[PDB]
Amino acid sequence: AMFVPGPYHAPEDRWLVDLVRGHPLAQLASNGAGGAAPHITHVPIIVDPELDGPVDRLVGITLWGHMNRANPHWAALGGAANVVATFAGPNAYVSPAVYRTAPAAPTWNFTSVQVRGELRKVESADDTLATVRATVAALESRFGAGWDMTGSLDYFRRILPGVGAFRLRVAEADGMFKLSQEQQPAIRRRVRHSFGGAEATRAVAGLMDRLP
Amino acid sequence: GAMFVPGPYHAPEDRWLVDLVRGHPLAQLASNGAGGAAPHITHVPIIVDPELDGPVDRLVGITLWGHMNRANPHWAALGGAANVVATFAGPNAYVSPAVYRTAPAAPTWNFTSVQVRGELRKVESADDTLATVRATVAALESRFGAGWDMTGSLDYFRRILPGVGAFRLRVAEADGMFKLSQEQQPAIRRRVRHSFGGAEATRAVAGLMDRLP
Ligand code: HEM
Ligand code: HEM
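Here the protein sequences come in this chain order: D and B.
Using the authors' numbering, read the first sequence as starting at 0 and increasing by one per residue.
Using the authors' numbering, read the second sequence as starting at -1 and increasing by one per residue.
Do not rely on the hints blindly, as some may be mistaken.
Derived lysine to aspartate or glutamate pairs resembling DMTMM-like cross-links, with alpha carbons at most 20 Å apart [unchecked claim]:
no., chain 1, residue 1, chain 2, residue 2
1, D, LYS177, D, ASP12
2, B, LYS177, D, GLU139
3, B, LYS177, B, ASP12
4, B, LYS177, B, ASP17
5, B, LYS177, B, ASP47
6, D, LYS177, B, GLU139
To be clear, the hints were calculated from the coordinates, so they are not data collected in a lab.
Given only the sequences and the hints, what does the whole structure look like? Please build it.
The following block contains the structure:
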């Protein structure tokens, strides 16, 4: 489980799915053997592409991911590893200068999703190639420029042996939406207004604008 | 090696890892879950030892300062001398093969990461807790802030202090992923760098690519 103070809960389950879709390069964590620090790999993870219809909740759905099979994290997972995948969205430092109140302390507004469950390794070549093609389809659509993978499928197949594809059955899903909900209404407005004025912070202002 | 980093994605200089830690202080702190559970992950503000003089070129051997909420189960979970990783995530951008203008190809994600490992030591004294949060204001307000003066709030910090869980992390191992199209042919790296220079969202990635030898 993930610690999320009451005020930082998403208004709706759909916000956690939106952050996963918007920020697919997750930090995949699993336990380190013999009391060592956890293993951490940045990996591209998407929602099950076979899910037709609105996906409102992460709990009960399967995420699809891959990493490098030669990455020692792949061997360390073994068979039924309990893992967390952390998705990190828009974030910005909050200067109390923005509050125009006193006294105060600074903070950092940020967005995260933590999904936990059992990681199963894909061994099937068909399921592995489906994983990377669904990942092209999902990320090129949201982040890309209309690139057509069709002419590169032979190439995908040539490099496929190196792919460690996986499936993560989401047992638990938690979302930090730390967006100044602890402040009084006028101060939340001052913060939202200050973040509206620059590209680095507009995405945070966007989420703050959608709070009930 | 505790973090997997293909040879092409090694930083040019140890200083690049220190730069990313300074630029991206909101780290993800990870420690093992009890009895096969998944790791505990908390976003925590972390800075370089403010007492360091000289140029800081290497993370290994320096102490990082940070805090978290004592009310967070992760605080009780860390117990004594917990082995932890703190991951710092810098500039990043999806790479469309449309930018490469080459075939065949596969998309990728250019990103920067630093993973530091060592033993987390808790600070229990109020005087070391207070130092931790004051040092953190001085380091972050200067770099990310808008000229706020903490002077008027110094007693306020003491009046809201018990909830702070301050810690020290002596860096035993530091690894850095600088995934910035080094695997592509030079003409293609240039195409990605020029593409990423044409939008604010991707400019920081272009800037790192421009600083590669
Ligand atoms: C669509 C976007 C994609 C992204 C963001 C992406 C991202 C990544 C990342 C971050 C890793 C490294 C994980 C680790 O450190 O262990 C990786 C490894 C790998 N991916 Fe993907 N991938 C994508 C599509 C593909 C496709 C379509 C293929 C086709 C087969 C592929 C083949 C590989 C291979 C072979 C590796 C092992 C490392 C290597 O030889 O380059 N990826 N991918
Ligand atoms: C300068 C930038 C600062 C940042 C970016 C920052 C960030 C954070 C974050 C992310 C947490 C939550 C950690 C968790 O989930 O366990 C935290 C907790 C906390 N911080 Fe800070 N902090 C800052 C400065 C301060 C200062 C100056 C104080 C003064 C006492 C302070 C007091 C606290 C307290 C009491 C908590 C416990 C939970 C709460 O009451 O919000 N912080 N801080």
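Practice prompt. Decide if the proposed pair is consistent with the structure: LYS177/B and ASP17/B, CA atoms, cutoff 20 Å inclusive.
Written response: holds, 16 Å
Item to complete: Measure nothing beyond the straight line between the CA atoms of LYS177/B and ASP47/B; if it is 20 Å or shorter, mark the hint as holding.
Response: Violated, at about 27 Å.
Discussion item. So if I understand the rule, the pair passes when the alpha-carbon distance is 20 Å or less; does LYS177/D with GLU139/B pass?
Written reply: holds, 19 Å
Discussion item. Can you confirm whether the C-alpha distance between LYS177/B and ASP12/B stays at or below 20 Å?
Written reply: holds, 15 Å
Discussion item. Check the hint pairing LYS177/D with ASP12/D against an upper bound of 20 Å on the C-alpha distance.
Written reply: Within the cut-off at roughly 15 Å; holds.
Discussion item. Would the hint linking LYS177/B and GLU139/D be met if the CA-CA limit is 20 Å?
Written reply: holds, 19 Å
When held up to the earlier numbered hints, the structure conflicts with hint 5 and nothing else.
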